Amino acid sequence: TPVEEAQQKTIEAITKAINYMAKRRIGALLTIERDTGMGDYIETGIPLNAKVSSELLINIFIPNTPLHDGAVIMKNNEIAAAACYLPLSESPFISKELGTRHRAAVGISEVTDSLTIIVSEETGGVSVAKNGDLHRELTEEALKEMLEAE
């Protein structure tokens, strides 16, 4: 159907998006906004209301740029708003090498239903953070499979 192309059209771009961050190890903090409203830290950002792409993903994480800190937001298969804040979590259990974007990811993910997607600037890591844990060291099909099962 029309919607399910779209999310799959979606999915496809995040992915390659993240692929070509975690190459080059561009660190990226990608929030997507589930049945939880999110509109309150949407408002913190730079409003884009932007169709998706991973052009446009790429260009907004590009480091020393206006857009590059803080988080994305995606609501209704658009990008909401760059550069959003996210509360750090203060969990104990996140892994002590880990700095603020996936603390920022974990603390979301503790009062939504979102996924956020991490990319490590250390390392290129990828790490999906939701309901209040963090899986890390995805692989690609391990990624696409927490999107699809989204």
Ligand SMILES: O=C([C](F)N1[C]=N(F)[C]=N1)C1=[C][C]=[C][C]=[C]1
Given for the second form:
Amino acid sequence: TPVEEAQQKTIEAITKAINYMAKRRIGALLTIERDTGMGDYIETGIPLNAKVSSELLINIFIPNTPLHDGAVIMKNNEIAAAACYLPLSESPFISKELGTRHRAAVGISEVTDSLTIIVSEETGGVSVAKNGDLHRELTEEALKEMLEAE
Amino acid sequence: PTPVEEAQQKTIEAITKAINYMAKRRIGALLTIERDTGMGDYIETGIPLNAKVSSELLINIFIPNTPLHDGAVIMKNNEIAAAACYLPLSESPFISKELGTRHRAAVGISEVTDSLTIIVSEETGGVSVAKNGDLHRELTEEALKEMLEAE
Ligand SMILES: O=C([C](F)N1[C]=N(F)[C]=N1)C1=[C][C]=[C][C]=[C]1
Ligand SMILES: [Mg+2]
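Can you give me the structure for the form solved in complex with this ligand, which would complement the form solved without this ligand we have just seen?
Let us now look at the entire complex, which starts with that chain.
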């Protein structure tokens, strides 16, 4: 169906962008709003309300650019805003080698049902935060499975 | 001022801030503003964005060696319609011979539309505008803003 084709296209755009950033070890933080509304956090960023594309996602997160600091928040199959604030988790059970991007992802996952993808700038490793837990060192296939499950 | 006029002022401010940032850093850029002649055929050659304008997004689009930096950004009113778009190349003899494809593309679209195109040179950081087949080079910040306000 049209809705199904659009969801699969968005998943492919995300995974292609994550692949490019993982390979180059470009830090990234991408939160996908689900049932819990995230308007208060969207409002902290730069409004985009843009069509999703792998190219736009990559261009957003290039280091030392205006938009790369903070989270991209996606809502209703669009990029709602970039450079958004997310709350930092105080969970003592996050790997100590991880920094602010990962704590921000876990933090938003503690108070919403959202799914957040993180690319580490140190290693290029890909992780997902959901329900207050961080799922680390994902393969491409694991990330796709999580996006399809969500 | 009406909401429409205030929105236009915000868009001009966003454009001028982005152009000034890129000029200072010799970031090449090609930004066409659609006017009354529709540019859909050219918009459809690019990557669709349909995004709200911001200086931050304009700058991010043109960062060298990124997916979106080659080709034209096309704006429709207060939106970035698409990036990495094709524009036709002008054969005009009044394009300075040292200028590259971005300037030739800007003059080219200006020959078949009433659009206004801004170009930042990656060689010199100079700012130019193409309109109605004519290229106006080495614009000051003040001149660019005046051109946009008049448009
Ligand atoms: O990229 C990547 C992976 F890991 N992935 C994950 N996800 F999730 C997506 N992708 C790579 C490849 C190769 C080399 C390095 C790196
Ligand atoms: Mg002069």
